[PDB]
Amino acid sequence: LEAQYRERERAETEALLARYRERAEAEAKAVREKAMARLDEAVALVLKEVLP
Amino acid sequence: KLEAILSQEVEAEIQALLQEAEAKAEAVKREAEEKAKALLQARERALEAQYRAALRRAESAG
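If you're matching them up, the sequences are chains I and G in order. Everything in the first sequence is counted per the authors' numbering, starting at 69 for the first residue and increasing by one. Everything in the second sequence is counted per the authors' numbering, starting at 3 for the first residue and increasing by one.
Among the hints, a few may not be true.
Here are some chain I residues pointing at chain G (derived, C-beta under 7 Å) [what the hints assert, rightly or not]: (1) 69; (2) 73; (3) 76; (4) 77; (5) 81; (6) 84; (7) 85; (8) 88.
Pair by pair, the computed Cβ-Cβ distance ranges are [to be verified]: (9) 108(I) with 57(G): 18 to 28 Å; (10) 83(I) with 25(G): 38 to 48 Å; (11) 99(I) with 38(G): 51 to 61 Å.
One-sided excerpt, in silico: chain G residues whose CB lies under 10 Å from chain I [claimed, not checked]: (12) 27; (13) 28; (14) 29; (15) 49; (16) 50; (17) 53; (18) 57; (19) 59; (20) 60; (21) 61; (22) 63.
Keep in mind that the hints were calculated from the coordinates and are not lab data. Heads up, the beta-carbon is just placed ideally off N, CA and C, and yes, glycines get one too.
Just chain G, with the same shape it has in the complex:
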């Protein structure tokens, strides 16, 4: 009989759901890694500019 088994047909639909949201808990983290990363690509280029600029000024001064 299905009684205890009756409950495993739900626990399988409500396991489908919980995996679909651990396929969103991965997507969210992808976007957030690609965000955190890009905030440091902007950090890299802007500093590089300020170091190109600081030595160029100090040459014209010299």
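If we strip away everything but chain I, and leave its shape as in the complex, we get:
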């Protein structure tokens, strides 16, 4: 009973991780693409603050 309970959690706790890995890199990707299209705006904001 132990044996098939330990093998129950293992065969889910690799699948769950594997799937979380797919989501981690898409949710990294989901902030990069927003940022590079709201880019000229950061640069411009910073500039007008380093000429003082």
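Guided by the hints, dock chain G onto chain I, whose structure is given.
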């Protein structure tokens, strides 16, 4: 005459006894089935907890 039959009046008292102890050899087995069973109800719940716990940890990690 009772001679051989004389012995069947004992074999009937000493058959009453032997059935009273096969009414204890049943009771003993009842309690022992209800024991063996309960050791696996505890086995079931504790493992269930350790599987609830193992997936919850692995979600917070994920």
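Outcome of the hint check:
1. 69: Residue 69(I) check passes; min Cβ-Cβ to chain G is 6 Å, inside 7 Å.
2. 73: holds (4 Å)
3. 76: holds (6 Å)
4. 77: Result: holds, 4 Å to nearest chain G Cβ.
5. 81: holds (4 Å)
6. 84: With a minimum Cβ separation of about 6 Å from chain G (threshold 7 Å), the hint on residue 84(I) holds.
7. 85: holds (6 Å)
8. 88: Holds - the Cβ of residue 88(I) comes within 7 Å of chain G, reaching about 3 Å at its closest.
9. 108(I) with 57(G): 18 to 28 Å: violated (45 Å)
10. 83(I) with 25(G): 38 to 48 Å: Once the Cβ atoms are compared, 55 Å apart, the range 38 to 48 Å for residue 25(G) and residue 83(I) is violated.
11. 99(I) with 38(G): 51 to 61 Å: Holds: the Cβ-Cβ distance is about 58 Å, inside 51 to 61 Å.
12. 27: violated (29 Å)
13. 28: With a minimum Cβ separation of about 28 Å from chain I (threshold 10 Å), the hint on residue 28(G) is violated.
14. 29: violated (28 Å)
15. 49: holds (4 Å)
16. 50: At about 8 Å, which falls below the 10 Å cut-off, the nearest Cβ of chain I leaves the hint on residue 50(G) intact, so it holds.
17. 53: This hint holds: residue 53(G) lies near chain I, its Cβ roughly 5 Å from the closest one there, short of 10 Å.
18. 57: Holds. Min distance 6 Å.
19. 59: Where the cut-off is 10 Å and the nearest Cβ of chain I is about 8 Å from residue 59(G), the hint holds.
20. 60: holds (4 Å)
21. 61: Hint on residue 61(G): holds, closest Cβ of chain I at ~7 Å, below 10 Å.
22. 63: holds (7 Å)
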